[PDB]
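Presented as structure tokens, the chain that follows is alone, the form deposited in one PDB entry.
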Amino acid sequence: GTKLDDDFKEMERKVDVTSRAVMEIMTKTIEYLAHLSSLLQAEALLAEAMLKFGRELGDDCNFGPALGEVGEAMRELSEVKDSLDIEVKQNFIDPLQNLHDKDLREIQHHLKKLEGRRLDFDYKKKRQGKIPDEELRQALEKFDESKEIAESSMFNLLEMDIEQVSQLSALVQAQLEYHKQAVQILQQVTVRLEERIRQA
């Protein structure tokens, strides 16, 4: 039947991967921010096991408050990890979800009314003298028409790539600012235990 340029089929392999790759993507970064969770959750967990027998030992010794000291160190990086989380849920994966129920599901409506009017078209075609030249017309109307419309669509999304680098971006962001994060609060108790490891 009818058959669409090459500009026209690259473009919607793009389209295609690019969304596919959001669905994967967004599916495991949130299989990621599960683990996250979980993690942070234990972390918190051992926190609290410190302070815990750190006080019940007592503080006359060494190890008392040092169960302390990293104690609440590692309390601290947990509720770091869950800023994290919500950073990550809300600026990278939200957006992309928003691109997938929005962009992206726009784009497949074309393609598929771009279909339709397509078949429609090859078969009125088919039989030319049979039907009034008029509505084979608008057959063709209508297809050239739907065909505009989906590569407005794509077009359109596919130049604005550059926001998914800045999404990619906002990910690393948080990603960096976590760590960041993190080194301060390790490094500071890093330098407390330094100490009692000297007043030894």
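In this text, rigid core is short for the largest set of C-alphas that superpose within 1.5 Å between two forms. Positions refer to the first chain, counted from 1. Compared with the form deposited in another entry:
Put simply, after the core is superposed between the two forms, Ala139 is the one residue in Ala174, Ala139, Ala66, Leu51 with a Cα shift of at least 2 angstroms. Comparing the forms between the two forms, the C-alpha position of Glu163 differs by less than 2 angstroms, with the core used for superposition.
Core-aligned CA deviation for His109 between the two forms: 2 Å or greater.
Once the rigid core is used as the reference frame, the Cα position of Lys124 differs between the two forms by 2 Å or more.
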Contents of the next structure:
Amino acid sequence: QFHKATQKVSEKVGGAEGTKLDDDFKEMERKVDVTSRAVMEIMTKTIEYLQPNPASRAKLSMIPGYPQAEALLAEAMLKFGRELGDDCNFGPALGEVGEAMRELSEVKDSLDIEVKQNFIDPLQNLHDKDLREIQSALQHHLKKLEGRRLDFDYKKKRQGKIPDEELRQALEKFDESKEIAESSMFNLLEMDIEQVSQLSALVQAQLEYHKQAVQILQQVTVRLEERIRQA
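Moving on from the form deposited in one PDB entry, please list the structure of the form deposited in another entry.
Below you will find a single chain and nothing else.
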């Protein structure tokens, strides 16, 4: 029982509240780091999924200015379909499937372009800017919090008693930090849901792509069944 007010302030800034605020800031900087590494690797695996072919992939990241494997298959079928002639059914059949392959090629183009713009680019920005700036901030605030905490303890050690006016200042600053962490927490809650939204952009793009592959393939399927039946 001595230096009462000083001990209460020391009890908070360096007690429970203090440690909790420090973990909160640490907790958030962890989630940001994970999100950052995640977004980066998922971005890379997505591109590789869109264009497993390295030559065409390098061009994708440029943005399409490259040919789709489907288009190359289409060309092969159409070229030889022509050389075979219409004196048979395989010749014209290669032209019907070759056309479909070229059609698949175009929807594949749209899939690459849409994922590139509505999923890859956004994550690249999220990673290079937003997450990078938030991370530095968390660390910067985490350092200050630790600094003022030490200065306070060291001061209490020297003077024993810290004036009432300086105590409240220390309390105001600690409080300002509690607000900053809370403001970051909510900001992160919003980012968290926006990230799920970006994932939708990816999934929605694939669905549309495949939906169109189906329409294209169901059709050419009819053309072939009929061709065989009518040989």
